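Just one chain is shown here, as structure tokens, and it is the form solved without adenosine.
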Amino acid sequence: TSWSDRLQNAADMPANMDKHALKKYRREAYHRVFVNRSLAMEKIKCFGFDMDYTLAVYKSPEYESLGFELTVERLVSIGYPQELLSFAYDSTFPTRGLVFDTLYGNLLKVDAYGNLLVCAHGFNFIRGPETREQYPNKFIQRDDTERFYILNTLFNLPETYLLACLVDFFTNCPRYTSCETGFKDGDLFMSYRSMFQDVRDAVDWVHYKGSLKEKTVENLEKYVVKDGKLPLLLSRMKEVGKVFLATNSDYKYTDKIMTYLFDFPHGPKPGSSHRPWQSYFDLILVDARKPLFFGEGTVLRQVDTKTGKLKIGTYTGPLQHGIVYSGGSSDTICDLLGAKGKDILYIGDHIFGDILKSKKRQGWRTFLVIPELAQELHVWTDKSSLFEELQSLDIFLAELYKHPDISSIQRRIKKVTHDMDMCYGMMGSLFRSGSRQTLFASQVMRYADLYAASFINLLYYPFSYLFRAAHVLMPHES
């Protein structure tokens, strides 16, 4: 079972809008909206959406597998060895949010401070003291964006696995000789960083010049989750506020995916006339180029929807029914919809490009969609046992220190941590390794005001609702 399977099964279920059923439904964890900072939904005037992996959740592992095989084939066609074609995507290896160290070829799972939680060279997990050879302080400066690349979105799941496949392949192929920073084959030296760059470029190419979009659009049922409750939520949002779309995808792909997402024999609810997807939005903006969108942006353009090409020139006119925008900036949204940042709930899946930047740069309210959360929640409850253990041991270890045994328990902690981590996958949970929270976890807590397995979970809350977080206290305040 994949995380998308739980999403698809919830998506099959029609909306019972009886108010008692909604409170019952919302209190199950899979359907709940989780709260880091308090948000009074009554003060929200604009609900804004990203598309890919927010409204349009690609099915797993089919979509990653397609992206993987198309990327491998691109690498082979530019000259990588034919043995790459025998690679097959394996969904149990990659966890999202890993850091690839382009200097030493390692995949790293780090905490908010750059401390190493897991280090994997190819498929060989480097433990404790062996990592100190390359990481003397067991720590990396993630600010060093020239050396480290954070694989932050679900689109990066294929290359996460692919990078490990390649490091493993070149390490164990006898034509190549291993060095600290790459592989030599006679007079050709392939550094990990140039290998990383080829992988990044092939992923980009597959998405923007190869066949990924075509193959997706010609079998949408295979690749994209569909949910009849989407038009209902959006029309309800439209009753109390304005609704807008702001996506990095271009108009043609956006049109094809959104038409699929609303392709039901009805509109908001069964029985209602079907309406075009564009009628659910007061503002539609494509080619957003987030996160730049939340700073200077680019020039505001108008899409020719008959052709899907941009009209020549900068659009200077008013908000007008039927118009589709391209580029612009977050200020375009604020001016045209007459909103301030704290009037806006922006909903998306990119912790950096959608959530961190809109929060920090513009003061928008934020809702982070985490598709994996459905499966993470399944594992976290089912295996609460080892976590409570882990909490007990650290507490007991402290009392030992102030009073063998300590060395025995440090090893017992390490064994439990590993046992807990292996139940999510080889790279462990999205949110932690044992008792240590991941960088991704800390960034969710810091910048996502709300978060959920799906944006659809908002349907189960009235729009007067005050999402309440606990007041935070410093250690001395208790």
Contents of the next structure:
There are 2 protein chains.
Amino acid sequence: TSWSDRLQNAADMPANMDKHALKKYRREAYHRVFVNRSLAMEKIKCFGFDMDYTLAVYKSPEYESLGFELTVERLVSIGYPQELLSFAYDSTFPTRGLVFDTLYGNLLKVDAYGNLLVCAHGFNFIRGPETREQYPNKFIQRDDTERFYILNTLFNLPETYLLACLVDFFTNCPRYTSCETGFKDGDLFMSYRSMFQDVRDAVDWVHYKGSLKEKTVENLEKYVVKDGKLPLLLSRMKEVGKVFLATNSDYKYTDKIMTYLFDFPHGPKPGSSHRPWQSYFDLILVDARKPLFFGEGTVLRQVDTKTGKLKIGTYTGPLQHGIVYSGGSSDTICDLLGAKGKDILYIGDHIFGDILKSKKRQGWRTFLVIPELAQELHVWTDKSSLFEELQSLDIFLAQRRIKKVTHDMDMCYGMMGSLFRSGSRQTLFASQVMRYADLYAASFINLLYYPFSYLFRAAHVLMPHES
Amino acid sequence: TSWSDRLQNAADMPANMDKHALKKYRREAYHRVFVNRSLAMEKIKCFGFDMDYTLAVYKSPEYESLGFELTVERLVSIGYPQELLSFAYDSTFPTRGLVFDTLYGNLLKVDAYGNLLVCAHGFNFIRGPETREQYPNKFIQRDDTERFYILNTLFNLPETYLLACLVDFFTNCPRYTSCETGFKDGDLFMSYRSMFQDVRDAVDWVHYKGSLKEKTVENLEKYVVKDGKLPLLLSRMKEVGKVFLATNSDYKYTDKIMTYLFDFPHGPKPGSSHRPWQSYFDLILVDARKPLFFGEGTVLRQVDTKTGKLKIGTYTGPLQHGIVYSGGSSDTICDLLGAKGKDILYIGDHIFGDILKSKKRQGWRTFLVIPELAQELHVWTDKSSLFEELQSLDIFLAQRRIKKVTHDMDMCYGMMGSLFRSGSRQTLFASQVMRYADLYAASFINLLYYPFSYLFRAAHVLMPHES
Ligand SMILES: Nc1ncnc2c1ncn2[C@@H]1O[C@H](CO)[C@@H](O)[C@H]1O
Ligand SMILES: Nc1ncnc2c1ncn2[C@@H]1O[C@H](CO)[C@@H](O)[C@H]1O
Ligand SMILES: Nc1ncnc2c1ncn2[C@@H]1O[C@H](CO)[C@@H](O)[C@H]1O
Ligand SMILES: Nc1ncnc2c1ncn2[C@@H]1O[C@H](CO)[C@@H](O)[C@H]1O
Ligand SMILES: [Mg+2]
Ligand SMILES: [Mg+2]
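So that was the form solved without adenosine. Now I'd like the form deposited with adenosine bound, please.
To see the whole picture, the full complex is given below, headed by that same chain.
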């Protein structure tokens, strides 16, 4: 059972909008909206959405495996060894939010301070003492973005596993000699940095020049979760405010995916006439280029929706019925919808590009979708006894049993552990969700289960000397 | 009674090192070390110190008033109006950590997200609705460091008040016409930005080219807190580890101030021979240029301690008895003392340059000295009933009484409120202390009251879905 299996099972249920049914439903952790900072829903005037891994959640492991396969094929076509074709995606290895160290070729799981929680070189998990050879303070400088790459989104799961596969392959293939910073084959030297860049380029290529989008659209049921409650939620949002789409995807792909997401024999609820996806939005903006979008952005363009090409010139006109924008900036949305940032709830999955940057640059309210949370919640409750024990062991310490229980707990989630922690230590990703996501949930659809006057409440924070 | 009055009263007490006396003493909030993240003191191998407002706490309001007076005199000498000479420092106005908005000439108290808590234009405190004219989302972009200047240290208290005095003066003097971004007098336009830069330049000038240091050193008792427990604490640290000084001050001024701080008729404890200040340090480094120090730093130089001038050339030799360094980087300290960052506890007052940057760039352990905390603690306990009420009002809301109690509470601290909050809203400074200071206290001397095997403990943090 994957996180997307849980999501599709919930997606298959029709909405029961009886107020007592709703209250009961949202008490289950799977259907709850979690609160880091209080948010009065009554004050939200505009609801904005990302598309990929927000509205359109790709099924796992099918979509990751397709990405993986095509990326490997691209690498082989540019000259990587044929042995790559023997690799197969393994959903049990990668956890999201890992850091690839391009100098030494390690995948790192770190905390908010750059402290190392896990270090894997290929499939070799390095113990603490051995990590000090390369990381003398068991620490990385997060500001060193030329060296370290944070794998933030679900799109990065294939490459997370592929990087490990490659390091493992070159390390153990006798044609190559391993060095601290890469591999030698005769008179050719491949640094881990150059390897990483090829992988990144190949992932970008499959999405933009290769066949990934074509294969996705040709079997949408295989690759994309569909939920009849979506138009219901959006129609309800439009009753109390404005609704917008601001997505990095282009118009043609956005149209294909959105059409599928609304492909039911009804509109908002069973019995109602079907409505085009575009009708649910007061403003539609593609090619957003987030997070640049939340700074200077790019020139505002108009899409010719018949051809899917951009019209020539910068668009200088007003918001009109049926218009679709491309590029621009977050100021485009504020101006055209008559909104200030705190009037906007933006809903997306990219902790950096959707949530951190909209919060820090513009003071938008934020809702982070974390698709894996459904599965993480199952594990968290199902294995609560290991964490409970760890809590008691930590307290009684006021040590090797702590390491053993930490490992056993972490292994329940996968080889790279929970998205949110290693034992008692919170990950960078956890810390960023807390600090920048006002609300978060396994799915944006969980908003459906709360009234629009709801006050999401978080406890006031006190400093140690105030407590 | 000022915060420095509280500190000097404690400084005047001799140490009672009876273990039961110590335990009793450190339970009083004034003498406690507060803990944001757990820290096992046994693992600390090196204790490092800043000088100004860490070891050498300047008396208030005398030192601020001297700085203020000299800065005003410098501004008048470059051509500012003679009316400036009628200003007098007022300790009741400034709180540390405010943001000067160079565009519109406002002092802002903000939270971690850039949300406005207080806005004063001169001495005119602007209400919420009126603030929206200039701050439409009641928000500033903290990343805009060319526009916004954060007044982080106690050295910035004079200029905090001076900026307000100037805006007030020019606004109300009929020789000038007020504009959104500055003041006109005939064919001369003075932007708030240019005004700010003159003030900053004048403060730097008084400290580096003017008479402030001379006046300070000529009456050390008037201007600097002295505490006979200092050599006791340092001697104890040297028993279990290494001790270093890394200060932005130059050798001559460092020597004057340090000599005063150790000027007692005894060494570590009454009855013992007096020892030169330098003897308490395994490494002494001046002209540190923090926070650049924690990145590339500057060339390592050697001080000629007889003349106080730097020797010509980069110093390429070893750590030797009696050597004093200038410049270099944090790597100088790690290499020469045989330390990794997590082995080092660095103690300083600069939230950005001492604490945030050492933590983020190098993974050092951190101790933030907050001299005002003594007074803030008095107010926090003495007026606990107003905060208690605010807590209850916030809960019962699940509004104008909330604003009234918030104001009354804040006014107990000064016109700009508490360093740490406005009502229920934490300030940026509070948030940064929590996130980057592992430990914090009113004085570094509070470490004396804990054994060196002490485990400072903070509760494990949980996300909302884990709770
Ligand atoms: N999750 C993230 N992904 C990518 N870059 C990030 C992330 N979090 C912070 N940063 C950037 O990395 C640097 C801080 O380590 C800054 O440039 C910051 O903008
Ligand atoms: N997926 C994994 N497989 C094997 N060992 C792991 C894994 N993740 C962490 N560890 C190990 O557990 C120890 C820390 O709990 C470390 O030695 C680390 O190598
Ligand atoms: N307290 C502070 N004082 C000055 N600059 C800061 C402070 N906190 C963060 N910054 C800097 O301001 C920018 C983030 O708002 C970054 O360049 C960061 O390094
Ligand atoms: N020092 C002050 N003097 C007068 N009013 C203040 C002060 N600080 C905040 N306020 C006011 O209290 C209100 C918010 O509680 C705002 O109108 C703000 O102007
Ligand atoms: Mg997305
Ligand atoms: Mg200092």
